[PDB]
Amino acid sequence: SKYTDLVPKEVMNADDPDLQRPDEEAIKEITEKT
Amino acid sequence: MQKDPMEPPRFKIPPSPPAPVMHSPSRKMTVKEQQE
Amino acid sequence: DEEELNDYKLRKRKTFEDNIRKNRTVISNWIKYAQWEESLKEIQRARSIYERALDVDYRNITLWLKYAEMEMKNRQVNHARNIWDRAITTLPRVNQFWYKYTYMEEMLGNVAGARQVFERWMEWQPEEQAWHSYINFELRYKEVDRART
Amino acid sequence: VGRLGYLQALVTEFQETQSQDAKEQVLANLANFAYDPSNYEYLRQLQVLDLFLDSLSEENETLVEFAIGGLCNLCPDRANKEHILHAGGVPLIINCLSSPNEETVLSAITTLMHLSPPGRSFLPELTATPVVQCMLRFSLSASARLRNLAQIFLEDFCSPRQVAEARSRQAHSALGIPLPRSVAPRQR
Amino acid sequence: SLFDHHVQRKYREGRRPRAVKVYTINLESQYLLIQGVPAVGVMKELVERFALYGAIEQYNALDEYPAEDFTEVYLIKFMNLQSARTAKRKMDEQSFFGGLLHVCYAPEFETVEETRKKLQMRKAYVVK
Amino acid sequence: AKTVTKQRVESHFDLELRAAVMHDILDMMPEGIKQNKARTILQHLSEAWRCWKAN
Amino acid sequence: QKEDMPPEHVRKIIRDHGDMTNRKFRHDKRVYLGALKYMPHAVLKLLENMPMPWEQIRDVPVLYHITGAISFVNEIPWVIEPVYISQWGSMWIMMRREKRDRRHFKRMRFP
RNA sequence: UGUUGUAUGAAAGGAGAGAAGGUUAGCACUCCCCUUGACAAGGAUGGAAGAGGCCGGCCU
Ligand SMILES: *O[C@H]1[C@@H](O)[C@H](n2cnc3c(=O)nc(N)[nH]c32)O[C@@H]1COP(=O)(O)OP(=O)(O)OP(=O)(O)OC
Ligand SMILES: [K+]
Ligand SMILES: [K+]
Ligand SMILES: [Mg+2]
Ligand SMILES: [Mg+2]
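Chains as they are written, first to last, in the deposited numbering: chain A, 114 to 147; chain B, 202 to 214, 222 to 244; chain C, 216 to 364; chain D, 11 to 198; chain E, 10 to 18, 26 to 144; chain F, 669 to 723; chain G, 57 to 167.
These aren't lab readings, by the way, just hints derived from the structure by calculation. Cβ coordinates follow ideal geometry from the N, Cα and C atoms, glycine included. Treat each hint with caution, since some may be false.
Claimed, not checked - Going by beta-carbon spacing under 8 Å, a handful of chain D positions derived as facing chain E: (1) 34; (2) 123; (3) 152; (4) 194.
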């Protein structure tokens with residue numbers, strides 16, 4: 114709804130772990146739920 | 202209330225709020241390329 | 216007499232609802248249903264009409280305009296302001312809505328609201344003419360100090 | 011079509027016809043509109059209270075029963091109540107305790123009970139009338155509804171002093187011994 | 010006696033036909049007599065259905081009553097006579113568990129004081 | 669939904685080719701174009717096909 | 057688990073509703089029409105339980121709707137297979153001897 | 001203690017069934033139905049609308 118969320122976000126590898134996808138246990142739990 | 206199995210059916214047979229358009233500002237068309 | 220006139224209402228409505236059911240598209244035709252109520256001077260009809268019409272397409276550019284124009288015409292101002300608010304909410308790149316909102320905030324006489332609207336716009340800072348517009352705005356009133364910021 | 015116009019149409023239908031059954035239907039509809047509060051005035055403007063009062067005078071028992079039923083729900087309102095009294099229909103109601111049907115008698119009793127006015131406006135009339143003697147037999151009848159009505163009627167239109175005098179008169183008739191008219195109960 | 014089921018019939029005829037029968041204040045009661053229930057042991061479902069309308073003081077099935085074969089007769093005591101009228105008004109001639117349902121007023125059963133309050137409330141309503 | 673049966677085969681082909689050409693018209697025309705002129709482009713498509721058949 | 061009712065019950069219901077023309081049965085029309093969906097099942101059970109030629113009367117358990125809309129024969133015809141085979145062999149002998157001895161065998165008219 | 005809670009078919013009286021000369025064949029796009037067990041097929045090609053802009057009107 115605001116302007117600041119359409120400007121390009123930082124473009125570099127500040128945090129490899131933060132972008133990494135969740136572990137196998139969480140995805141198996143969500144798979145079983147669904 | 203109990204319903205007997207024999208009866209047939211009895212009755213004859222806005223979207224989600226609009227998301228804001230988050231767009232780059234439009235570039236107006238030049239007369240040359242509008243001729244194109 | 217009068218009964219004939221309500222019959223006139225009803226048959227024109229019936230054929231219009233057929234026309235509307237046929238496509239649900241055709242925005243130019245959507246406006247006509249509304250204006251015919253505007254002639255009939257009963258607005259609640261047109262408020263539901265334009266609500267449905269915004270449901271089909273809010274992306275549209277004439278529709279939000281036309282709605283607010285009917286609002287202005289009917290001299291009812293609080294809803295006109297509020298729904299220009301919602302317009303600028305969901306179409307924040309279209310310049311015209313911003314212009315026709317602040318112009319309105321002037322001629323209706325409420326200085327601060329325009330100020331806040333201008334501040335909100337300062338997020339986007341989308342075009343060159345808009346800034347100039349606000350410069351002229353600020354020189355219109357006693358204030359040159361804000362104009363420096 | 012229009013409510014009051016519809017009631018007027020029923021009035022016309024009643025007046026022009028002569029078939030007793032097509033009058034049975036009219037007196038049914040009229041007696042059941044008489045139950046309506048709002049339709050009272052509409053009935054008050056069309057002389058149909060006197061239509062009922064004339065209709066009791068007719069000798070078709072079913073029709074008379076219907077007329078009495080119409081009266082029963084109709085009398086209790088103060089305007090209508092006063093009109094009926096002024097007509098002089100009270101002896102017409104009095105004639106109905108000897109009517110053969112149970113319903114008609116009950117309706118008559120209810121109408122009599124309704125005609126009761128505070129401040130002793132009409133009670134005096136009942137004591138003079140022999141209706142009280144008839145009531146004693148009715149109260150001790152086999153019909154539970156009749157018994158309830160008779161007992162209720164006694165409280166509403168009678169007095170303890172009056173009841174004792176009434177009982178004595180009834181007893182005297184059974185006794186077969188005459189009571190002087192001049193003699194009267196003395197307050198203590 | 011008065012429980013007999015009268016029969017229907026221009027007079028600006030309505031949608032549903034009505035039998036010729038005038039209702040007097042005395043005729044109407046708060047005791048409602050229901051006859052024609054199928055003998056399939058629905059004692060409680062019928063009573064719940066009627067309790068939907070008002071509040072039921074007392075309900076019992078009176079078996080002495082002469083009824084037809086495999087058919088039942090019941091009594092319902094309501095709390096307010098207007099509730100009894102609406103219960104008749106809507107429940108009468110409603111198909112119930114495969115049977116036609118016939119509700120009639122039962123004034124015989126009500127006692128002297130009950131008649132007193134009935135008549136007095138009729139006077140109260142008519143005056144206003 | 670109705671299936672595509674032998675009656676409906678050719679009309680369905682034209683119906684789908686029509687829709688796909690329309691999609692590419694929308695993605696091809698520059699932003700803020702004064703007019704769409706889509707119906708005219710589809711008229712030129714028809715005339716091209718008719719000229720193919722007539723050599 | 058209820059108790060079977062006397063046959064007079066269903067006989068009286070079927071008798072009363074006959075032809076479904078009385079104005080009193082207006083609400084049973086919907087249920088009769090709704091019960092049409094199961095009438096092939098009722099036909100299947102009826103013909104499945106037909107009496108064998110050596111028995112005069114067969115009495116079957118019946119499950120019937122309370123308005124009289126449909127009646128199901130609620131059983132399965134279980135037989136002992138040797139006894140069953142012997143009974144139809146008995147019929148083979150009797151029917152053959154009867155076709156031999158009956159001078160003129162008249163076949164019944166259909167329908 | 002009534003009334004607009006609607007529809008089908010028929011009869012009578014009227015209108016008359018697409019194709020820029022005539023006679024016609026159809027299949028669809030949307031939304032309105034009818035027959036039908038329909039993911040089929042029919043109901044006149046089932047019927048009814050169909051370029052752009054401005055406020056039924058006006059302009060190309
Ligand atoms: O005038 C009609 C009807 O309006 C009136 N009536 C029905 N229910 C009533 C009620 O609760 N109170 C009063 N005062 N009047 C009422 O009576 C006649 C005819 O009644 P119907 O609609 O035929 O119903 P019903 O009287 O029950 O018919 P019946 O043969 O007796 O039994 C089903
Ligand atoms: K079509
Ligand atoms: K054709
Ligand atoms: Mg077709
Ligand atoms: Mg043809």
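Structure-based check of each hint:
Interface hint status for residue 34(D): upheld, as the beta-carbon distance to the closest one in chain E is roughly 6 Å, under 8 Å. A cut of 8 Å between beta carbons decides the hint on residue 123(D): the least distance to chain E is about 7 Å, and the hint holds. The interface hint given for residue 152(D) is broken, as the beta carbon of that residue sits about 11 Å from the closest beta carbon of chain E, more than 8 Å. Evaluation of the residue 194(D) hint against chain E yields a violated restraint, the C-beta minimum of about 31 Å exceeding 8 Å.
Of the numbered hints listed earlier, those contradicted by the structure are 3, 4.
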